[PDB]
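The chain that follows stands alone, in the form solved without this ligand, written as structure tokens.
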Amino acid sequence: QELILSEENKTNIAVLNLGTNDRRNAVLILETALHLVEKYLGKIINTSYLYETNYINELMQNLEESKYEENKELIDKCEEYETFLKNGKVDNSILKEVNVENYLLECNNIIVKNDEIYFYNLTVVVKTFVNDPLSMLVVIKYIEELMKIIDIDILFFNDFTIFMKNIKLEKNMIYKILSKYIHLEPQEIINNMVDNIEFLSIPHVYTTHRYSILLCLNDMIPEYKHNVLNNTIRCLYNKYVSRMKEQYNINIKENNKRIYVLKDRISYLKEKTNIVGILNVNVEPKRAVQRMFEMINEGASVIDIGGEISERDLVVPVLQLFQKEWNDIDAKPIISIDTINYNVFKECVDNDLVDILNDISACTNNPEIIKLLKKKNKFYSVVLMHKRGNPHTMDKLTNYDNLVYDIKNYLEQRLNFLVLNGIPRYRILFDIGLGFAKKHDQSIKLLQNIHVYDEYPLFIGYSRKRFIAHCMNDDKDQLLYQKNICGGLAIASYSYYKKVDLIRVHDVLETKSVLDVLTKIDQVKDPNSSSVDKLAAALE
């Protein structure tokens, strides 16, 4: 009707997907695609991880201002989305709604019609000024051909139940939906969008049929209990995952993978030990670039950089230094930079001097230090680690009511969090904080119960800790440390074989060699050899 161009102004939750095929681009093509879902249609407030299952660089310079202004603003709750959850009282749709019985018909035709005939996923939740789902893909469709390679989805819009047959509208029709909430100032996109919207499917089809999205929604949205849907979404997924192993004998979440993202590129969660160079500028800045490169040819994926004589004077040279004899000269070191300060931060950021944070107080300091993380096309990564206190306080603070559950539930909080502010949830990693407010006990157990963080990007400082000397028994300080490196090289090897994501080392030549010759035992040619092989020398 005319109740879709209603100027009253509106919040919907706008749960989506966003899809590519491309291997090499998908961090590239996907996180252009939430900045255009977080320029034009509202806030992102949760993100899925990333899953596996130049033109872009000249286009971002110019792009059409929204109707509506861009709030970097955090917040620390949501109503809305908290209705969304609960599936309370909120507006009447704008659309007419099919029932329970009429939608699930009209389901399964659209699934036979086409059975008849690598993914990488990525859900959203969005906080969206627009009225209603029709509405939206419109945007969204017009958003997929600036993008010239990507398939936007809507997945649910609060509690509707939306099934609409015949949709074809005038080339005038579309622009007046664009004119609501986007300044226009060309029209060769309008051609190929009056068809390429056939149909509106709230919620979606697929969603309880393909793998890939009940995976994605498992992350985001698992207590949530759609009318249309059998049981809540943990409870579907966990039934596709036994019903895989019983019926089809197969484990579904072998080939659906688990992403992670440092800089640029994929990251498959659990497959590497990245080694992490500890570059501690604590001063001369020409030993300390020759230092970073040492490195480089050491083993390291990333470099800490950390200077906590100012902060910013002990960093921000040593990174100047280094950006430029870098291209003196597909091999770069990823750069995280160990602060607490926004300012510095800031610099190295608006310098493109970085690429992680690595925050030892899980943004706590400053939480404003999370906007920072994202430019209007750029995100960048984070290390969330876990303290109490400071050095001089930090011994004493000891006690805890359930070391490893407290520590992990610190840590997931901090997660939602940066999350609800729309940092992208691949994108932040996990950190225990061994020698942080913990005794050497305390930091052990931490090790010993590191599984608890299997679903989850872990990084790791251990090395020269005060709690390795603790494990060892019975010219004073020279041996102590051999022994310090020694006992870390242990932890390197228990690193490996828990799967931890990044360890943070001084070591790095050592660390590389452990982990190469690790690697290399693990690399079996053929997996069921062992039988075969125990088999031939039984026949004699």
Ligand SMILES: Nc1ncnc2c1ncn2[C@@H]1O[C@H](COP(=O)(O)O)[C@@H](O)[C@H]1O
Given for the second form:
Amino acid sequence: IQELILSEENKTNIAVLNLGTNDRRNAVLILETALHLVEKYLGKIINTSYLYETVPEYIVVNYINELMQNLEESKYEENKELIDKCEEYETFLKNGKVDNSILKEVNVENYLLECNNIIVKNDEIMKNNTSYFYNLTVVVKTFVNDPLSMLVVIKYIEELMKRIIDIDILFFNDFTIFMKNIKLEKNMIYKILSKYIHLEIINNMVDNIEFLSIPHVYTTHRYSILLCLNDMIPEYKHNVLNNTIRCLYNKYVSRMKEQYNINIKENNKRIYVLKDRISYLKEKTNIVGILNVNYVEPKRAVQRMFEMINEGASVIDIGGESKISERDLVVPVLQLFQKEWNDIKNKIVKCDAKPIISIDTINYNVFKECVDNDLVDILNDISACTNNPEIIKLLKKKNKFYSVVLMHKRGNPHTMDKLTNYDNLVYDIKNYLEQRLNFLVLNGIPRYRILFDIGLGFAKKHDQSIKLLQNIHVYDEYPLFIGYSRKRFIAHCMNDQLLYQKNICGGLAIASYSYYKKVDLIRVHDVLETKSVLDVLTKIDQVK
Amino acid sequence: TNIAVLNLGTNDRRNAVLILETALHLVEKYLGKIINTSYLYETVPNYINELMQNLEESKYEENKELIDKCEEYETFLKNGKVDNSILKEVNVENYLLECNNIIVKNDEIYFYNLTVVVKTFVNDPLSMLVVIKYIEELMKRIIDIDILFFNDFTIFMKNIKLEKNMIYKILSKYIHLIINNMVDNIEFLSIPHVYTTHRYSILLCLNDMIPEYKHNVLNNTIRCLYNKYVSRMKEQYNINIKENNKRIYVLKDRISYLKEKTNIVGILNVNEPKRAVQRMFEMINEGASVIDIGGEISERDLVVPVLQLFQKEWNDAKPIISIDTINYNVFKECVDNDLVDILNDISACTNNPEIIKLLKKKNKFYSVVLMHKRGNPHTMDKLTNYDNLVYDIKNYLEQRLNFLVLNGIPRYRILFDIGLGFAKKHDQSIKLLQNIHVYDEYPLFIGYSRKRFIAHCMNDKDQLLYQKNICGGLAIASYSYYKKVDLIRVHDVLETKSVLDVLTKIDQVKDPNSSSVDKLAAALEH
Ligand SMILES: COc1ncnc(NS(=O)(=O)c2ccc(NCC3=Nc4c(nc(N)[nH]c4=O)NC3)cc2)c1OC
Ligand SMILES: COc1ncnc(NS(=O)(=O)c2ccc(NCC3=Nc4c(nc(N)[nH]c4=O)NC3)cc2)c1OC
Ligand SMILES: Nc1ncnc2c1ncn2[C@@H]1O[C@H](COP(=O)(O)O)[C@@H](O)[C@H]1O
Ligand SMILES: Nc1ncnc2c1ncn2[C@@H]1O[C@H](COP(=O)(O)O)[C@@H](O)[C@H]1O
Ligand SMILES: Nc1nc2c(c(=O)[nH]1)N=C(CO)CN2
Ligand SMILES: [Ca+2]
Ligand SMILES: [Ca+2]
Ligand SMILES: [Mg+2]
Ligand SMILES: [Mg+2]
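Can you return the structure of this protein in the form deposited with this ligand bound rather than the form solved without this ligand?
Next comes the full complex, this chain leading.
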């Protein structure tokens, strides 16, 4: 019992996990706490799905903050170093030569029978007599020897966090396992946990581990699982599966339309996260108000910030970059705002009226200072983290994750207008942003915290800027952020302060278009004007 | 007194209006009364001034008297007991064989169509064809006028030869008075016309006027025959037939394709004539296609000088001029002095139905905006109970169009306005916009600009509300653009033009399938 499980030969495995909660209000917090415990106790997070609000598929407070300060250390070291490839993961996808399973495997026929046996039994049990699920999948490059050991460590995580959180193993390497009548005595659980954790309870866990199925029994039966896997590993084909995850996903979607007339997408919603709350993808065009700092007037800038809030902005994007350092332009403004917002002698109940703060910077030192001082929520990196990818390390704090805008450009402001050739503009830009996302996600950044920005006017001719807008549908599956405001291409569409006026007016046309295209965020100079447009369009859509 | 259905055709694109409207007058002058018209259609298979002055007078009197019913026309539609045919009438199968015989013989090798209904004093379709061919000759493919129906008669006359003596005495019966080309042209006579059920353009026009008509020859109602052709062109040939067979409305004298452009109508609201003519020029330069002038010291004194000064300064890309009046005498003056092109009647011509008489001259037709409202400015906020808001207003406006059409105002010159903010609560104005698609078949003109409902949608204080209200209007401009509203009446022209331009640009796709092509190319690349 103690020989191959606690074997000193350290290996690198690939595991796929499903994370789920029922707590709508705290979903982000619950799930992201689990994500941290996974980085800490299991290995490295190298892929995530989007977050989903999910229809239940049963049939065929702040102690979390205090837990985070009392965690036992892992026996395995964290490494935040950027990686550009992962060999084990490539092997896992292909899906070939890894180490032999230390747990006994079953063949396909045995797996299928045992799996169906569990499901029929479960459908029957459950036919007895509510709330949405919040789901996420993750890929972990794990130092844990085997899936039973991993299940033990996962149950500990579940215990530490305690329906609040459900963590399941969907895949572990290419293994096919069905062990039926597991009992591990308490000392064996202790021994497993001690291999991985500097232990400082177990009583619960003995009861809880009844059997082990790899793949998870419900992998092919739950839409919510297939929905999450489709984001991460669509080309993947496990031995016990009739097809790739993408094919299984697509067939499920059509099976609901043809056999049931249900569009299964309608009540299973994709979620992105700007700060700490759920946003439904494509459900709201958010206004991002632009705050340019270039003079020094930190008091005037903070007044403008407050003006913008009242004018209707959900997000404030501050930037010094377009003598005195960038840091000295932005940090004092953010420090003043932070003070002035805290010294609100108004309703302390009115504290969920705070705008999300975004910083338009490519510079590590500036972002590092803002983050340490709790001055910002989002990184707006116009180089899509290519100028200094080390910034990606600052998006992960132990309990906390930050969101990030990835924008496309070529060159710098003086070389930009030259670098205009594209073989296939729309798709070049899209694939570029997709590749940039794969890199952050490979490096442990939650997929649902990443925003795509085509970068209008950045190494684009005016016709190319227009064409990217005509073809904006290309981002229908993704969180989309655009900045068209006061850019020169608008003017090029119209048939000196009159020219500045027509430009602002022309932007509001793009605000309308964005609204109808369900653009998630628009970065604008003119907040009041934009808010007024969106309000009217919203009201015309509201059927009473 | 007979009921005659005519088709009128031309192929000159530039002068289609002037060609077909002149033909309309000559029909009015020489044949009876126009009591129905269709829309103008573009379908796919000039000293008229000198002619208008030296025109021969009819043997019948022209009365512009309004009517609200026409019993003969109602009997035509039924189709009940009418006067017996004074000509050789064939039966069902005999007509069908003879019909097929002209079709197969002709099957051996842009079009602008308009149908009309005429209450005619002319005794028979053959006599009418004589007057019709004479009408065609006075105007000389330039204009072709056919007889689609004459009462309920099933007629075929196999070979016709008539002399200068016979033709002169038919043409004398109806006119006080060359016959050279006329003798050679009249070969035969078919009632109904041979191509009635065959050409799409004909069925398209007839569906405007007489959808429930069922001639003894034809196997279904004009609508059911129309609807079959539409569904068969899609199912059989995978072609949307409405793509190349476009509906036309006319604002002045030029063709406008229904639902193809959102025109800006600039508001000139008087109370100083010099300042107001400056604003008109400004508005043209900001991108207004139409100017809407309204004073409503007298209404006439506020507006007629401004229009007269404008007309002059222009003589020292012309905007279409619209007058916002319900006053008969004010419109009459403007129209006699060629100062306006359009009547904007906010009472939908119910304040004074006589105003409709002024939308016609010998050579002129003016267009009109019909707006829905209840009451006056002081009472309207109270008059907000509707059985079915959306449908009561549409039917209301449809009844009004029918009335103007019964009286010979061309169908294609009448514009619909829902009257936002007139006897509508804020939610009802919104509901009306939400349901604007109910006007997909019609020329639609709306005015939201600066009205109170815009403000109600929003979540230095009075100046802020003013600014928000102009900006909120731009959202409605955008909506109007996507919904394909034909005209929008606005205060802020530059702003609205800026918005419409950007939206037009976004919509101009150089290659209509480059979207899927580029997608495939990306999918085929490593
Ligand atoms: C030399 O003068 C010029 N000549 C021709 N075209 C020009 N381009 S432009 O006027 O259209 C223009 C204007 C402003 C910008 N940058 C503003 C930003 N735009 C964004 C941001 N962040 C995010 N995420 N997305 C953004 O779109 N941060 C700042 C870029 C292009 C131009 O200006 C540099
Ligand atoms: C004295 O009465 C009033 N009292 C309080 N608030 C009022 N404000 S309101 O915003 O609801 C509003 C504003 C303007 C109007 N009418 C302007 C016009 N509107 C049109 C037109 N012609 C056409 N064809 N279509 C038009 O919509 N001519 C003039 C109607 C309602 C108000 O109305 C004048
Ligand atoms: N791949 C798996 N991941 C998680 N739990 C599993 C798996 N295979 C079997 N189980 C068992 O399923 C039960 C967990 O159910 P739940 O409490 O709903 O997560 C426990 O008895 C586990 O031992
Ligand atoms: N119902 C009808 N209306 C008009 N013309 C007709 C009719 N029946 C036969 N025709 C003949 O068709 C000729 C005109 O043909 P077209 O102008 O080429 O369509 C006339 O001169 C008539 O002789
Ligand atoms: N949609 C959905 N349904 C479920 C889920 C879940 O995560 N999502 N988890 C279950 C057992 O924990 C039971 N049912
Ligand atoms: Ca780790
Ligand atoms: Ca007459
Ligand atoms: Mg579970
Ligand atoms: Mg003909």
